[PDB]
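Novice: Chain residues, written in single-letter form:
2 protein chains.
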Amino acid sequence: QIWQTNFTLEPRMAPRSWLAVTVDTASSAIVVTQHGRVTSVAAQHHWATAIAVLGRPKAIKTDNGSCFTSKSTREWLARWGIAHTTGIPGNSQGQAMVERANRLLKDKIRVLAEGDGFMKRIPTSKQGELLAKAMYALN
Amino acid sequence: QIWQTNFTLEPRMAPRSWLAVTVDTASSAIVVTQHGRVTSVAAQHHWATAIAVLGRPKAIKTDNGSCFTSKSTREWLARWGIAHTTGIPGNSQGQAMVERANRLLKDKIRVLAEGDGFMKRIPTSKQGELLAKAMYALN
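Chains F and R, in that order, give the protein sequences.
Sequential numbering of the first sequence, starting at 1339, is according to UniProt numbering.
Sequential numbering of the second sequence, starting at 1339, is according to UniProt numbering.
Looking at chain F on its own, in the form it has when it is part of the complex:
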C-alpha cells in the first residue's frame, strides 16, 4: 500500500473544517478526519485512524507542508516503519489522486448536507455522521 495524504479546507464542517484526506492509491479507498488546525499532530492523528481503517501502508506521499516535513512527523512515520516521500503542493505523481479525492469528498458533503436541508454550515452535532456517510458513499 502506498497512500497519498493532504489537508483540504471545508467550511461546511467548521469549526473543525480542516479535512485530512488519505487515498489508498491502488484501491482508491479514502479515509477522512476533521481537524481544527493543520498541525503535525493532526496529521499523525489522521494517519493513526487511517491505519486502523486500511492497515499499515508501506509508504505515504505528501506535499512539503510543515506538518509533513517536521521532525515530529518524520519521527512518527519512522516509529511506524512507514516510508515517506514529499513533493511540491499539487505535484501530480504524489498528489493528483488525493486532490481528486478532495473534490469527490467536497461534492459529496455538499450533496448530503443540502439533502438534509443545510445550505451552509452543517450543524456541529450532525457533522461526524455526515462525514462518515460521505466516506462510506465514496468507498
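Honestly, I wouldn't trust all of these hints.
Given that identical chains are not distinguished, each listed pair holds provided it fits within a single copy or across any two copies.
[As the list claims (entries may be wrong)] Keeping only pairs whose Cα atoms sit at most 20 angstroms apart, straight-line, the calculated SDA-like set for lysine to any residue is:
| hint | residue 1 | residue 2 |
| --- | --- | --- |
| 1 | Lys-1471 | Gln-1372 |
| 2 | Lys-1464 | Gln-1372 |
| 3 | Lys-1471 | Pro-1461 |
| 4 | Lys-1464 | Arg-1448 |
Since the hints were made in silico from the structure, they are not lab data.
Following the hints, complete the assembly by docking chain R onto the known chain F.
Specialist: Then chain R, alone, in the frame of chain F:
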C-alpha cells in the same frame, strides 16, 4: 455482514471510558469508538463510524439495553435499512463474539498502555492513537 455490538467500560480511557465495540461475525474484524455515556445517539455515532470502516451490514445483534431498544435507535437502523435483533445481556448467539472482542481489546489496551509507561489512566491526549493502534493490532 452480520455484526454484534455492545458497550464495555474501560477506565484506562476515561473520561470517555465507554467503549462501543462492534465485531463483524464472519471476519472477526472489530471497530471501537470512545464515548462519555451510553446513549442511543452514542450507539448511532459508533455505527456510523463502523459503516465507514466495514461497509453497511445486513443486520446487527445487540442486547436489550435502552440505547438499542429506543425509538431513536429503531428509526436510525430503519433509515439505514439494517435489520436488528436483540437478546438479553450476554446471550451467546448474539453477544459471545463481541464479549470476546471486549476482552481482547481490554487486554491489548492494557499491554499498549503499560508499554508506554501508563500504569493507570492513559493521558487524554494519547488515548485516540492508542485505541486506534489496539484496533489495528487486533484486526
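Novice: Does each hint hold? Answer for all of them.
Specialist: Hints versus structure:
In this assembly of identical chains, the alpha carbons of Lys-1471 and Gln-1372 lie at most 20 angstroms apart whether taken from the same copy (14 angstroms) or from different copies (19 angstroms). Taking the closest pair of Cα atoms, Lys-1464 and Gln-1372 come within 20 angstroms of each other both inside a single copy (13 angstroms) and across two copies (17 angstroms). Taking the shortest alpha-carbon separations for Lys-1471 and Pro-1461, only the intra-copy value of 15 angstroms comes in at or below 20 angstroms, while the best inter-copy value is 30 angstroms. Within a single copy, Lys-1464 and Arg-1448 get their C-alpha atoms as close as 13 angstroms, which meets the 20 angstroms cut-off; across copies the closest is 33 angstroms, which misses it.
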